[PDB]
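Kindly produce the complete structure, drawing on both the sequences and the hints.
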Amino acid sequence: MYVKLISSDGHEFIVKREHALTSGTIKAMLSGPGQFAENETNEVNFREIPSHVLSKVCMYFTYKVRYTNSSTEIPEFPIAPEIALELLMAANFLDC
Amino acid sequence: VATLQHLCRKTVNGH
Amino acid sequence: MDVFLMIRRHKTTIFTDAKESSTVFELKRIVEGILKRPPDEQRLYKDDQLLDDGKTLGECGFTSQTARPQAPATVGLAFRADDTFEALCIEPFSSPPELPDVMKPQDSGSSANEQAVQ
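Chains as they are written, first to last, in the entry's author numbering: chain C, 17 to 112; chain A, 1 to 15; chain B, 1 to 118.
These aren't lab readings, by the way, just hints derived from the structure by calculation. There could be a bad hint or two in this list.
Estimated spans, in silico, between C-beta atoms of each pair [said to hold, decoys possible]:
id, chain 1, residue 1, chain 2, residue 2, range
1, B, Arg80, C, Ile90, 31 to 37 Å
2, B, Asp48, C, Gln51, 41 to 47 Å
3, C, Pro49, B, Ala112, 45 to 51 Å
4, C, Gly40, B, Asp82, 18 to 24 Å
5, C, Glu89, B, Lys104, 43 to 49 Å
6, B, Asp53, A, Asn13, 44 to 50 Å
The beta carbon of each residue, even a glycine, is placed where N, CA and C say it ideally should be.
The structure is reproduced here in structure tokens:
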């Protein structure tokens, strides 16, 4: 199972359900209490997250999955004046 | 392991 | 034993997961779910080359060194029908600040337009 994430830029990225389950909100969307359109299933839509940012946090979506049962190294994502600012509200908006 | 929400605060909190 | 694979498509990239001993045929099913393409009018490319479904990720080129949480594997998917193509050229999403998949110089190309696809 996997889900697709769209950025306000137009880029698209799909992460396995469990891989996307690291968002806390993307997993609830796969079946959220909403109507069902003839199409658009297991997908995510961020009107406030660029493609480079949805992929940045997404890396932790998969890194956290194999690190949830590790507890030994768990490094830290690089942050600088160029990328990370959008993750402020986007990274936090995607639960943990 | 934490999501990107915590890593993003590292720069805003320190940087 | 385990290996992370990914399909490449312009602006469209799907994160696919499978076992190194799974079967290129299993990964193909994800395409029929995302791009809806069967093992006929679709081609795969691995490492600037063509992916072969006659071998597995380990017997093809992936094992646990070219696909994982540290280094994932990307495959190019293109459909050939009469005279059409898709993968071959993977259009990288927006990443002008960092994540330079390559030596993208970007000397000039923005306020001048160039052919433009439509």
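Comparing the hints with the structure gives:
no. : hint                                : verdict
1   : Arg80(B) with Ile90(C): 31 to 37 Å  : violated, 44 Å
2   : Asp48(B) with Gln51(C): 41 to 47 Å  : holds, 44 Å
3   : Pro49(C) with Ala112(B): 45 to 51 Å : holds, 48 Å
4   : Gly40(C) with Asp82(B): 18 to 24 Å  : violated, 46 Å
5   : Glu89(C) with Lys104(B): 43 to 49 Å : violated, 32 Å
6   : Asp53(B) with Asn13(A): 44 to 50 Å  : holds, 49 Å
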